[PDB]
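J.: Chain by chain, the residues:
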Amino acid sequence: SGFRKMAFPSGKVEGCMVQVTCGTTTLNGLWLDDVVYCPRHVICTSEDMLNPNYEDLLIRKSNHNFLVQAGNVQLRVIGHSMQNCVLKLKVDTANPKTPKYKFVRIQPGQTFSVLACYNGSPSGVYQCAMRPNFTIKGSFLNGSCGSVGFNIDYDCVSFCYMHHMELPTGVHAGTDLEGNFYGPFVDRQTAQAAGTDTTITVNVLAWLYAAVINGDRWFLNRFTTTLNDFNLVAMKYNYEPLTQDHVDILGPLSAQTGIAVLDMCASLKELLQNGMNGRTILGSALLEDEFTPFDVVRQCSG
Amino acid sequence: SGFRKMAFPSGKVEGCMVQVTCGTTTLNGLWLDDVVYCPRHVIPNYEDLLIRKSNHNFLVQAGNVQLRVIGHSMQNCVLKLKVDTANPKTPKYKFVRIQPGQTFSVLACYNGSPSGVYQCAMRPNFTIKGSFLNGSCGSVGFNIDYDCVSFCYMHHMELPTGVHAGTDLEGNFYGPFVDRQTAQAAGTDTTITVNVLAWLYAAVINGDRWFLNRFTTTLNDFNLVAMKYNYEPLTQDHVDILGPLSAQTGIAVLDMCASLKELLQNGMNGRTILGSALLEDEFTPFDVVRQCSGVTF
Ligand SMILES: O=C1N(c2cncc3ccccc23)CCC[C@]12CCOc1ccc(Cl)cc12
Ligand SMILES: O=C1N(c2cncc3ccccc23)CCC[C@]12CCOc1ccc(Cl)cc12
Ligand SMILES: [Cl-]
Ligand SMILES: [Cl-]
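Chains A and B, in that order, give the protein sequences.
Each residue of the first sequence is one higher than the one before, counting from 1 in the deposited numbering.
As numbered in the deposited numbering, residues 1 to 43, 52 to 305 make up the second sequence, in order.
Everything labelled a hint here was simulated from the structure, so no lab data went into it.
Treat the hints with care, as some may be off.
[What the hints assert, rightly or not] Pairwise CB distance ranges, derived in the manner of DEER restraints:
id: 1; chain 1: A; residue 1: 49; chain 2: B; residue 2: 197; range: 46 to 52 Å
id: 2; chain 1: B; residue 1: 92; chain 2: A; residue 2: 103; range: 37 to 43 Å
id: 3; chain 1: A; residue 1: 48; chain 2: B; residue 2: 154; range: 35 to 41 Å
id: 4; chain 1: B; residue 1: 286; chain 2: A; residue 2: 142; range: 26 to 32 Å
In this text, a Cβ means the ideal position worked out from N, Cα and C, and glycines have one as well.
Next up, chain A with everything else stripped away, as it sits in the complex:
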């Protein structure tokens, strides 16, 4: 019993964190096999952050300009290439702590763990979700660039995010491990703004199922709804549309609790109209949207 925001154990990722210094800029790198991955903005100077030409800046660099430190050992950079917004620094040593890994690009609503690092050293681990506006509400200070987002599947680390930027609203933007940004963001200091954020509906429903599995039933009602009527109500509360894929994904939780998806949707509609009335669901006075249907099943059943 109990429902907590749970991160994946970070050990497999801690053994990959290195410090990358280029000139005055110091950030974190991900050392996998003989390659160190890091944000390409590590090459940027003061005069070139508004409109940097990364291809131009990188051609002027040599391998010895990149200082890579793994613990108290300096790694030797023997090559460098750029792949979208990520810099790939070929090094002379393969990381002995390299785990079984994959590079995966995630979709909004998906959750992951973040190992926040500064100077190549892990300082904390927390759970995040890719917001529908492609930002993440992280906990990042200056020096955390290159910190990674991941999930673990048996013994395989799926790297899904690398931190690059903080927007003016205090939210965060970054890329997958192939350097492709999530969202319409660019690694430039030009005026950028996070779009209006919306609640991840399928995740709120999964969390209501988690509450039912944990004994909470106060929010349940005798009503059902059509998928279209639910979406018409949901859109007015800035909730993401619920698709047939979402309904299908919620199937196992619906079978386990005996509450049809559209039946739980009618509970959510009521909660949106009424609020909680001094009550909590799983120790929260707000509807939690950073637990996916897959997280709920994993935490509740195994």
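For chain A, the structure is supplied; the task is to place chain B with the ligands on it using the hints.
T.: Below, chain B with the ligands without anything else, positioned relative to chain A:
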């Protein structure tokens, strides 16, 4: 920017998690040097039950390798299984007993394998509001200081309200609990006041100031109000501990106490603090400073 419930990096502890099987019971053990620590309920008169066991009854598995048990002893509610091999991954560690209101990270394990890490606090009623299923016994709570892991908790049981109870690494239970199936209940819980104040400072540091007011209060008047809302008494030690946060934000502790008094008597009124409609009490003043300054391990 940003404030998250953050756990310590779990790597140093992952390298210590092993599976302990005794008869039909399978749970987790902590392998430090040549000793595996686990809840004694893996084997009630525990001296009588243990005397009937031999070293070969305890099957200890570290990954896909079986360790050989060469001795066994009991220390309070923890079983210490002496093994032939010292854990090469043994980090710099201490066994520390924590106080209510202190926070720590839990590495939830099943079958000796880590499945998740989460941050939690030792409630004033000595329970933890964890997330544990059957098979998680022996999962540990810890803090990291520099390169030293301070082991502070080992999971033993779930109370009927879904909250959890356990021991320090010396086998002494937190709270008035016993490791036996009998009538046990978590006592009435209270809010960790110093932690709520630290979290209000974290909100100020992050730009959230709506709850601030011009008022101040005496420590005694604040304590009279706090007692009425099932909040722990705030001591001069707590006020002193909140000193650096008070200096950083320019808001005196008793000034922040007057904000908390108004939040208690009036509510949030549709507003939130750090994305929460409730007053969060599982961040200590040290956690807030650590997160709002980026201390690494
Ligand atoms: O966001 C950025 N940084 C930060 C990243 N994460 C958390 C931060 C918390 C406080 C201060 C800065 C933070 C550090 C690197 C540079 C920068 C500065 C702003 O201009 C840009 C524009 C684009 C890009 Cl890709 C990066 C940046
Ligand atoms: O609590 C217990 N278990 C559990 C521990 N943590 C999370 C659990 C989630 C669901 C089910 C059981 C859980 C494991 C088995 C032993 C047990 C069962 C109840 O009787 C007692 C009495 C005392 C002690 Cl020390 C342990 C137990
Ligand atoms: Cl995805
Ligand atoms: Cl302090």
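J.: Among all the numbered hints in the text so far, which are the ones the structure does not match?
T.: Violated hints: none at all, because every hint is consistent with the structure.
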